[PDB]
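A lone chain, given as structure tokens: the form solved without the partner chain.
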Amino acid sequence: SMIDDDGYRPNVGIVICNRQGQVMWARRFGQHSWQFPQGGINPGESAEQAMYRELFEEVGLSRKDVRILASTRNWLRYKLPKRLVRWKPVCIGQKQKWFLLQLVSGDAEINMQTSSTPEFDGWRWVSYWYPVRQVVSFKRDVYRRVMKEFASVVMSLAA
């Protein structure tokens, strides 16, 4: 992704849910910190195209394995801790468009190991609200807003 005027790189985030009130939670490669899939937008790519590229490259899935249930409307931004800014044009954060997907294929279709440098080691199902308290603090405000925006849909499926 290319950094914009203000130092924010455009990215997409992905919340994948099932019908049990759960979302797909993934362990950052070589870490004990966990997060949702997120990926950059290449020039020319739409947000939806970037999302399906992230879905393929780091989750191993096709359009055909999911259905899009919702999308956030505007960019949601987080700023990197000043200690984590890699030095230009220097990136100070991300602006993100988020997607809620329902997994309709089997769990075994998920493959997080196809890249030579995976985003993730692997994943597990967690309860819907578990991500807000478990994600790194500088993303917590973005996560709280996304999970609130998506909450009605996931809970209705879970009934």
Given for the second form:
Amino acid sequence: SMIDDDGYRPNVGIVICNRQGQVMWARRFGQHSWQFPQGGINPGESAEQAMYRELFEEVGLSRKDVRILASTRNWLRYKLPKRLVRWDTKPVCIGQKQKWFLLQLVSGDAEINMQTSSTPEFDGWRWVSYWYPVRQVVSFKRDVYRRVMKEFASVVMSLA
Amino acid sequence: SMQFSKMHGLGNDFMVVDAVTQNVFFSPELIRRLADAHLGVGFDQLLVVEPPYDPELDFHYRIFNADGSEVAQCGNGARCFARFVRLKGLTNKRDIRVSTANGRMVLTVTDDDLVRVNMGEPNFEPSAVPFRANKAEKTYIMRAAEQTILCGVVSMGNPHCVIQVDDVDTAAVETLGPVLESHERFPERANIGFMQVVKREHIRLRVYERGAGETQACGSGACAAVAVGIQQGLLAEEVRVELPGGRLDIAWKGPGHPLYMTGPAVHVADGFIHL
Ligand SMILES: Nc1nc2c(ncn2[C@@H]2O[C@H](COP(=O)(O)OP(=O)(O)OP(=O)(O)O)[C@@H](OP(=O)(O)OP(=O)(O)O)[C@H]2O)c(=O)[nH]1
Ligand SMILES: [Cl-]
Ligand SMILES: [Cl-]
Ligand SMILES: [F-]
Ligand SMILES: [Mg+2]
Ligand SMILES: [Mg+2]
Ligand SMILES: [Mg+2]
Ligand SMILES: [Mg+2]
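What does the same protein look like in the form solved in complex with the partner chain, given that the last one was the form solved without the partner chain?
In what comes next, the whole complex appears, and the chain from above leads the way.
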């Protein structure tokens, strides 16, 4: 499996910005919590390959719909709340380890489509102001989000 | 170590904190500690910049006093806030949309690094001041002690009574101020402005604030004086206002339009403190 020896699943997260410097904010399927797209790196893929695959699977965007503006250097880790760990599932996953990508959406909003897959992870999306996710993300991801959005800020605060 | 800045706006010393990229919770105890000039940082007020609550706003910010309580006074800290978020690279926008304890605002940072605030449209209706008078007048007569005074009256959301003087340094702000501030014709009291008109585009001002006496930089008083002066045909559409605390610039196209107030914010220092 992909779970590392500390119990962290390798994962890639996606911050998609438009030309107004808003970021894409997506509603978890059948729930009322919102987040950025993210997903597991599969065996044999690089972080960037997993990113493009999850990107199309979750948001319906192709390579040519986006441009990579930045990515974080090293792994950023968050721990699952103890209550959500499945201790019976071997090897035990206690959290995820993430590389984050900043993408500019270069196509029109209509190219976004959340139902390319059999099992969609989102059922809605909207543009939100850049720092809004730092407040609204679920608590156990907030420290990762704060660091990600801080690192990406200079790049986004440059598209005017 | 928590990063912070010191800034000066409207004659007040702000400690200003980026709580967007820093993870900090401001308990009343932490705030009172930080207010201590020897144990902490020392400040008139603490301005804390946070992520927005609304996806269509850019930021939220709070202001705390040295006692550790959140203060909710309209437009307070707005100029330092707007310059801080640009100076720290939290935004590159010139029109910044922000929520506060009093509602929401659109702040505009000008090319001279001044901050312009939409203060709304002045209301001269006596009933909205509130002011005791039958109908609105550009000038009113009021007896104050055994002296009679001419004045304009307006509400910027709060009540104002504006009196023309020939020199603000030689004004009886300390005797006439109290008498008019709680004058019986102001059932909710009023702020008493003493306006020396230098030019159609330039006034000096002292303000005896409702309940608070003379302060250094009453922003709503600057607005009220310039609104009265314009309503009276004495002032241009854009007026420099010199106050004890510094300079503001007011702009108003008269009834039908909002009035705008533009002011500086000085970035005094950066610092850090371990919490
Ligand atoms: N309350 C709340 N919970 C959230 C939120 N985001 C994620 N979770 C829960 O946290 C657990 C793991 O979520 P994530 O770390 O985001 O990762 P996953 O969605 O599992 O896969 P991914 O990284 O996208 O490949 C799941 O519980 P389960 O493992 O039981 O799976 P579930 O509740 O879905 O039945 C999510 O439901 C949120 O915003 N609010
Ligand atoms: Cl593709
Ligand atoms: Cl406004
Ligand atoms: F996923
Ligand atoms: Mg996912
Ligand atoms: Mg996925
Ligand atoms: Mg996946
Ligand atoms: Mg997944």
